[PDB]
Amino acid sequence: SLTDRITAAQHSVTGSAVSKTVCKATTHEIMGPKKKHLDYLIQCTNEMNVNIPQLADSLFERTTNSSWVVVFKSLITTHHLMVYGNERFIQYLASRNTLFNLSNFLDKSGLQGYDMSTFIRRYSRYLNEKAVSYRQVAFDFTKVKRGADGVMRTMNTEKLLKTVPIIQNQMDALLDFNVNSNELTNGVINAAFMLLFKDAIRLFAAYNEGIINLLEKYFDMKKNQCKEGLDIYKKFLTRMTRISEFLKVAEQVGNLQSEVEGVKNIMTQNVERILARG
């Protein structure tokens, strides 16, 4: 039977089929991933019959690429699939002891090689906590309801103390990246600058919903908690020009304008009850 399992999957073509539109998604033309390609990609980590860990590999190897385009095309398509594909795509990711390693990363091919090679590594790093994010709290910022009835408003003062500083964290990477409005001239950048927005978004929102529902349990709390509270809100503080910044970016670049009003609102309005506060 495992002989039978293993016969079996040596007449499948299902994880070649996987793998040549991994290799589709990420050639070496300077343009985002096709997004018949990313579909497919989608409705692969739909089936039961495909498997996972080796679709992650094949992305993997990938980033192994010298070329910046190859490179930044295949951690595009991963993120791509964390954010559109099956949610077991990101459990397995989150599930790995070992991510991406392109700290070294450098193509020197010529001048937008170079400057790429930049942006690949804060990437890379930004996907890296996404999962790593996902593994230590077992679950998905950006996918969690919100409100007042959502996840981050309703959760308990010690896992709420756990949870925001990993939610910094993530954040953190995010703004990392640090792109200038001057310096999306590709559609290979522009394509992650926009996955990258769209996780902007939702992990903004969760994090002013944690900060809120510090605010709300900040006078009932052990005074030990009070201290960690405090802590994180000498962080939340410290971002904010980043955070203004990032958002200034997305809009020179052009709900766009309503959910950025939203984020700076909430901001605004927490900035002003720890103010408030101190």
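Here, rigid core means the biggest group of C-alpha atoms that superpose within 1.5 Å across both forms. Positions refer to the first chain, counted from 1. What changes on going to the form deposited in another entry:
- With the core held fixed, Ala17 shows a CA shift below 2 Å between the two forms.
- The Cα shift for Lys36 between the two forms, taken after rigid core superposition, is smaller than 2 angstroms.
- In a rigid-core overlay of the protein, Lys248 has its C-alpha displaced by under 2 Å between the two forms.
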The other form holds:
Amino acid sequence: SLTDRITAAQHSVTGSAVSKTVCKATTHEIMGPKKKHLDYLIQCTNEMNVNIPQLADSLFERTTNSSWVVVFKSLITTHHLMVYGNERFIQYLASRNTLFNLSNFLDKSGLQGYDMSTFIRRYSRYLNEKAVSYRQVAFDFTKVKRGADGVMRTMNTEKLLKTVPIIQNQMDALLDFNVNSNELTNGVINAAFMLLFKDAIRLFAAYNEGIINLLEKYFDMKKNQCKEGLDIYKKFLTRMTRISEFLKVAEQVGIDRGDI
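Please move on to the form deposited in another entry, as the form deposited in one PDB entry is already shown.
If you are looking for partners or other molecules, they are not here, because only the chain is given.
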């Protein structure tokens, strides 16, 4: 019908503009994806009639590139949209059967390509885990209400015992980025690191609140729940130790609380 052809025309215009901007955000230039392109993509995710699966597909397509720069930038763009985009974006990623498949990515173009490939593998793992974390609880741990009246401080015991290990698993994937400050020496890896830093602070806050809630419930828990809690507590200690190391790397390159 005429109505259908007119509608198809608009959807074509829209799709092409998104794909083009994804390419712009993911050029071979060794710099983070440009703000103007990220802002444009964020706005796209907020348009009721933008096609989210097509947007995601464009980003996945860029991760099939052989250039570490294109691949890492597509991952950074995806992360940025998970954080700053409309919730429909992360929700779509959470609904998928598969996400990034980069565990064997390797760019052997040069020493920098080799070094960056390791970080691409670790970062891809983190974004997959971030999506699966969202799927399991239907919310983003880094965004929920905090404080005494917030989500993690008020959660019931049974749900809490299921939920803290999900936070722990996400935090592990995040910290396993395992970069040192002497390695944060190009705008691509630095852009990824800044997003990881913002996530880590917020994710740790949620983790910590979960632990506080569990400790408050100590005398009220069943014997077996106490055992699960103690295991959660013990694992939390090592993650707090690692978070302090992560914060030190950030401080060494001039990233601190002001950047949260």
